[PDB]
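The data below hold one chain only, encoded as structure tokens and taken in the form deposited in one PDB entry.
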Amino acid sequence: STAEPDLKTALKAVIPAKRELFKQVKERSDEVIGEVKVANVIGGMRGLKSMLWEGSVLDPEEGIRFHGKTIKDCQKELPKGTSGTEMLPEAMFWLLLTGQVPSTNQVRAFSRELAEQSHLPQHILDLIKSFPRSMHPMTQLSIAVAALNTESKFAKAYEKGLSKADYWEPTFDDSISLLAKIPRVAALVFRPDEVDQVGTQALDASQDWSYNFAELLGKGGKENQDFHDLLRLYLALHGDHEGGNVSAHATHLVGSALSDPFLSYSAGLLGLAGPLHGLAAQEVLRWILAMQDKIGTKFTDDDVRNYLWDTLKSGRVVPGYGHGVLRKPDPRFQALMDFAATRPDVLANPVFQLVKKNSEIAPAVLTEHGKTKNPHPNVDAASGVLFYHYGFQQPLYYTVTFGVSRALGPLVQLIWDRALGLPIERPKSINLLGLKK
């Protein structure tokens, strides 16, 4: 063939440099980088720089960056689908894993691999059909992903005897396998009456991962091409955001005992199922729709100002606004607004107009009110409304979509954990009596 290197080969090429870097860092093992206070122990380790995460670093001025690249750089450089304006999550995965921007051709081949591996074993379909209708969607998703450990090459290879230096390779194979399957699993959660059909439907192997996901959700075809772009963008933007969030961290933690990627990301998803991790986009949507109900579709800047002041004076927060460290709007938020800017039907939607207006007014109001640090919009300010605009109006399932995206980054780090030989995560506990002394 006329073939450029595949993803596994591209990864293999950059492993030696990273192992060398690791070796150099290890020579500085004894260097002090912070202090531990009582506050860190009782406060969930907040502020405590205590884990490794390679692919993403939060810049206080530019927001989240992937191997030093801004969201804007990624939108410019990362390949797109066969039609459409937005970066592909598969391309983002390539970047996160290798540190490099793939060619369009490399991405096409990776997309085909993902489409070919998207089928599910019969027992997974049977398992999903056993679930009561009322079982929470994130419980369903977590369980089904764990159940896919029957397909784990890492689990079997480890049991048979496998050298430490090769742990990464079956870890990589399982990660690609999970990535390929998880959209289909998510669609079965979305469409519980149609497991037999959705569970076995053949996918166009020349289409991208997001397109195929959209098809399994019942939104395929050329008439849904804007949604395809939204979904690509969403899945790419939410893929990774450092190691400290619960889903990323839990995946690393369970993986560090050498549980395979299916078991490990299932733990991640159980964390994402927590109300303090997975509900932000839902909260914003509800808040926006309630604001629209009160002030209408025709309102002044003063009406918006007044609504914000009323909310704050009543002791309530504006969701989707505020950060501990980031001093500007979340660049993931701006990318969603950039997506919207070229679509007139979105710009005409009053609910989207309200998101935009709020983004132009709320920061100054919140600043003046003085209780919220760095009161700029985050990505959750816009994601829910855009899904809602395209007819995805069951907010309960927005965490499921988040779960699909959030496979990307943690799986990348799990592969690097195994490439480098990182050990079991094992902090030390202490009781309250021991802190009193």
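Shifts are known only where both forms have a C-alpha. Residue numbers count along the first chain shown, from 1. If you superpose the two forms and keep the largest set of C-alpha atoms that fall within 1.5 Å, you have the rigid core. First, how it differs from the form deposited in another entry.
Of the residues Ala257, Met135, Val317, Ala205, just one CA atom moves 2 angstroms or more between these two forms under rigid-core superposition; it belongs to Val317.
In the core-superposed comparison between these two forms, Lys76 has its Cα shifted by less than 2 Å. Core-aligned CA deviation for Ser56 between these two forms: less than 2 Å.
With the core superposed, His369 shows a C-alpha displacement of at least 2 Å between these two forms. Listed in sequence order, the runs of at least 3 residues with C-alpha movement of 2 Å or more between these two forms, after fitting the core, are 59-62, 286-329, 353-377.
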Second form
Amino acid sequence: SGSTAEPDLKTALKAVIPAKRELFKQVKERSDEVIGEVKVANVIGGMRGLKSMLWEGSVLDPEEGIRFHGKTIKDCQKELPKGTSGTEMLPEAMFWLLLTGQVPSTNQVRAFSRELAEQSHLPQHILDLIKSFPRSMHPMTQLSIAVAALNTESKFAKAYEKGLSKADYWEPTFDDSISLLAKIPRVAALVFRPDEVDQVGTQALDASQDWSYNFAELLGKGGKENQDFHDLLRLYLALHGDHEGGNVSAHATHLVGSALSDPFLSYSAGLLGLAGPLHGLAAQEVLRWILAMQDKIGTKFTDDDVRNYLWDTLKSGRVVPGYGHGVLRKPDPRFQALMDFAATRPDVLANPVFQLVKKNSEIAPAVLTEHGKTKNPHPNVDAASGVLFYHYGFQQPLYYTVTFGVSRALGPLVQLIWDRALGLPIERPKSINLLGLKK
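If the structure you just shared is the form deposited in one PDB entry, then what does the corresponding form deposited in another entry look like?
One chain, no partners, no other molecules: that is all that follows.
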């Protein structure tokens, strides 16, 4: 008899592809319109400030923070479906929104969550590969490699090799994207649990549960005793999914993808960028810094004690980690979302490590402004994420970037699908040497 089921994700995307192609055609008619200037600063300064790439699902306002299809984080928290338990927005609902431009129904998200659970299994060769990693290989190196290795499972790579019309690129791109999303929490958990590859690598995920819940189970933090952690993980993964196109991981994914490398190879390149100290490692560094501060001033500390430690940091020529940003000039709404997560949880508010993060957030911006060397003295999301993981017993900060890697698949994979749906060309700017800028 007849389906009761609402459109699935691929069907929902199909519904909106023609309109985006039409908008693209209209913009293309204005190809020759001048929208800005290039200065020497832009070339030597890593393209900072230069509007030079397309990204559909999110736009970062320097004053107001990230928007997803023009919606605030608070809007998304209110409107996006939640899990069968808990109160935080689901990252798979965020993926739906980023891709389609629409808020899915709870029933649509339930069906998508089932697909992600079902598609999470791995080839035996991937488990063999992971078992070959030395114990001391950095977790982000492990994650990047294992994601690239999954290109053995790429429908796009195989279809292209057999002969694929340009018009038919988006669908295998979509298929590979969902495959990767389904698999990456398991890969991440394998990086976290090298002594349990055979179990973690094969265990069936509960297809009635959400992506974050099942990630937490694979991490060994399943069960009702970890329900607050499940909600933290949902929120964290949703908040870190996309931050417009110019951030290193998103951009690298787009760049590699633009040569028609498949989504596995493309997001591997994004992960290699996340492995960079100036891009993915800050949340780890923040927690190390806070804990080092705590060791010095104690669990009972004054505002002056914190000010003094901040001044010593700056006088020493070092940055206060988790403060400032390449684009944001004002408080990061992702930071406030994570602090507000703590607001309803007395155990978190009582945690001296959280209290130190909180107090630092109240003191550091004035100190940084007085010191005068930053363009943005405000906290960014990395100021808060680590301590919340730490509170819930995820206390090995080397793996905080691995969780970032899982989240940050979301937005860049959405854009790769659109890149292919629209037929965007290879990304290939022109370079110049210093001699050419001199004369």
